[PDB]
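Q: Residue strings, one per chain:
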Amino acid sequence: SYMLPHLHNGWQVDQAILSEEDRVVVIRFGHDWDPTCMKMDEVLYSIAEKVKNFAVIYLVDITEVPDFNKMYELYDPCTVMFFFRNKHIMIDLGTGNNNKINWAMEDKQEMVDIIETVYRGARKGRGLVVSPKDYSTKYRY
Amino acid sequence: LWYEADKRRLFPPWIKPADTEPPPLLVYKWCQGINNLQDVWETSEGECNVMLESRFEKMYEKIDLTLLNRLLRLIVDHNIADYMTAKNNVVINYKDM
Amino acid sequence: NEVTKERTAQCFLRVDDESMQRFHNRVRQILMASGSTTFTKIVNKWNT
Amino acid sequence: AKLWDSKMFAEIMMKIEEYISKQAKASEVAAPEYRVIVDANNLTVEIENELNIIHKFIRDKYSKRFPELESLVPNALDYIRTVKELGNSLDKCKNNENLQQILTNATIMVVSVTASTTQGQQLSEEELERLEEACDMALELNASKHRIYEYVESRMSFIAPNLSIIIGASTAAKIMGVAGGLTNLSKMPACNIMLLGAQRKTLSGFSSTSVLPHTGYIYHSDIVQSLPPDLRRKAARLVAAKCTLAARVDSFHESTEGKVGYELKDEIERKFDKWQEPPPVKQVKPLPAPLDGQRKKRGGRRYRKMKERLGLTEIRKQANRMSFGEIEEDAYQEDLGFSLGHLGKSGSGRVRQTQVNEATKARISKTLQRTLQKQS
RNA sequence: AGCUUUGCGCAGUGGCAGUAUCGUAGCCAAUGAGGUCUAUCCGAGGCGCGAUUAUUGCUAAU
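Residue numbers (the entry's author numbering), protein chains in the order written: chain G, 2 to 142; chain W, 926 to 1022; chain P, 1218 to 1265; chain D, 52 to 80, 86 to 432.
The hints are all genuine.
Okay, derived cross-link-like pairs now, DSS-like style, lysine-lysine, Cα gap no bigger than 27 Å in a straight line: (1) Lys-338(D) with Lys-51(G); (2) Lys-53(D) with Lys-140(D); (3) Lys-257(D) with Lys-1012(W); (4) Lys-109(G) with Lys-338(D); (5) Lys-290(D) with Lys-1020(W); (6) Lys-1262(P) with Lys-134(G); (7) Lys-341(D) with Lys-125(G); (8) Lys-352(D) with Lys-125(G); (9) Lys-1222(P) with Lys-954(W); (10) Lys-987(W) with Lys-257(D); (11) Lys-338(D) with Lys-1020(W); (12) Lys-987(W) with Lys-150(D); (13) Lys-53(G) with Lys-341(D); (14) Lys-134(G) with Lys-1258(P); (15) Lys-315(D) with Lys-327(D); (16) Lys-327(D) with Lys-290(D); (17) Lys-125(G) with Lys-353(D); (18) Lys-1258(P) with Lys-401(D); (19) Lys-338(D) with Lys-53(G); (20) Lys-117(D) with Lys-257(D); (21) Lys-51(G) with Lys-341(D); (22) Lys-1258(P) with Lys-109(G); (23) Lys-373(D) with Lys-1258(P); (24) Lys-139(G) with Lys-1258(P); (25) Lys-109(G) with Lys-341(D); (26) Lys-117(D) with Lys-150(D); (27) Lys-139(G) with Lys-1262(P); (28) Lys-1020(W) with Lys-109(G); (29) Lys-1012(W) with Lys-290(D); (30) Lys-1020(W) with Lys-51(G); (31) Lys-373(D) with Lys-1262(P); (32) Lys-40(G) with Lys-1020(W); (33) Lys-341(D) with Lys-1020(W); (34) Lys-341(D) with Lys-40(G); (35) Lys-401(D) with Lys-1262(P); (36) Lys-40(G) with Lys-139(G); (37) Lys-1012(W) with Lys-430(D).
By construction, these hints were calculated from the structure, which means they are not laboratory data.
Could you put the whole structure together from the sequences, leaning on the hints where they help?
A: Have a look at this one:
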């Protein structure tokens, strides 16, 4: 959580989206003190080095940057948004919402899976990519 | 080892964890053997049957290697038993430790 | 009774709790190990 | 009988050495000091050359009562002590305290189990005036060996200053006495100096690695034992090499102040703390980026063989086809859902059986086949 | 005069293997690398890192 780079004001996050062309910008909007946000801000730690080639991770505190709450619906405790060449890459999950991952997960392989899928679908020039796993359930049984 | 131990009757019939009889047929034979006794279901005098079903707890872990070698040298020559007990003594390796 | 050839006993059969729990756990680990397995693979494991 | 009379001259020589060493405790408070070390080393060599024959006599005489114990207790002095303690009747092995001071508990239990199944017969009283006499003189010779051991250990601060500092005077004495003298071991390669006093310990139904194999006094020295068990062998080789480097110096009596010994110790410690140094910083390389559209590739005999290995063999491609509306008996009971499809099926396919291919034959690696060659 | 042995070069023909080749102004190493059999014997390289389509080029299509 605290290890990943942080953005303090509204201009910085827009620049971070704009200051990159050949990777994917994975922004974790939320509160790093949240139990939910801290659950996945360590998954994003454990893979930050691995996905350096095609992904950069910035963290944003919505209280510190109250400029994207209304436009991108920042009201779930934790949100993940993928951007490619200044274009929000929609991703189709099993959940109804197809613009964000509003839940914190647990496995360090699936997040790299999703990031690499987003990169693969963004090099082609798509706007909506399809995740490999289905999140209409939790596969618990 | 198994071929020789079958050619020469090493294991007695009562030791059949897995014999030519499949486990269900083992159950059937065991029940029929209980029934086939002379007066198994008779209690006029006041006699009684009792039946114990247990397992040697931690039998595998509590096998001392040297004692196992001594027992094994009885049935097989010394070299093969020594090979067995040396093979048992070996480094176990997980992902890291 | 082999000596007399008469129905003298009665063996009621049942599946113990250990076997039922083992089968349920087997079905559970079939179901949870279905991240990408085809439907045919899952059903083949189930039938087996 | 003959051995006891033979040791009489050795006993007189040992008494003379005892008188000299007692005087050495007074003279050090024309017959120089070094000769009192050289003749003492010769005397301890002779008492060992008598201990071996008396141990052989004990084994020969006691094989009538218990013919298997020598194969279970390899060490000589251990054998003498064990035959002295057990006696003719072997019922003195259960919860016996003095057996424990000689034998490992595992070998205690193996010799007890063997004592249960003994084909040997009891010995007469005549056998008990020979074996016990031999055991008593064996313990006396061991006491003499230790009583000259302490003296040699004390005097290697002077006789071999370079060798006595790398390993310590105690193990220095243990490796110079058994080698036949400093001159003898100076002619000895370091590989052989490793195996000085290397007991051929009888593995008690264990892996040969568990009971240190090919281990000598140098492997039991204080310097090597300070290291973790994995590095000890690698440390044993190096320490024995520097030990013989110092031994060749001490044989001709150079660097008596220990300059070469200190240099060798410095080299040993440098190698040791280089081995124990923590691993360096290793960068975690990132995963490769997802690939682009197309890339040019080469093609030839290598690509042809790759296409042959990974190509769809006709038996493989025939198995993928799975017919239609044709129930078949479930082959491979242990795992159903494994149907061969048209392979061996009356639905369709070739009249002749699909012949097996040879390109798909399993093959072993080059390095693994190299291991096979060396192992055989 | 030929015959012939061995090493190192230049080419030629052919076979074989691509879970392997290669680097070492990194370290250690016959003053011993490394040791499972057989150890008073054995006895040459090993380790760590980097390159990689498990050596590397062109030509050739798409």
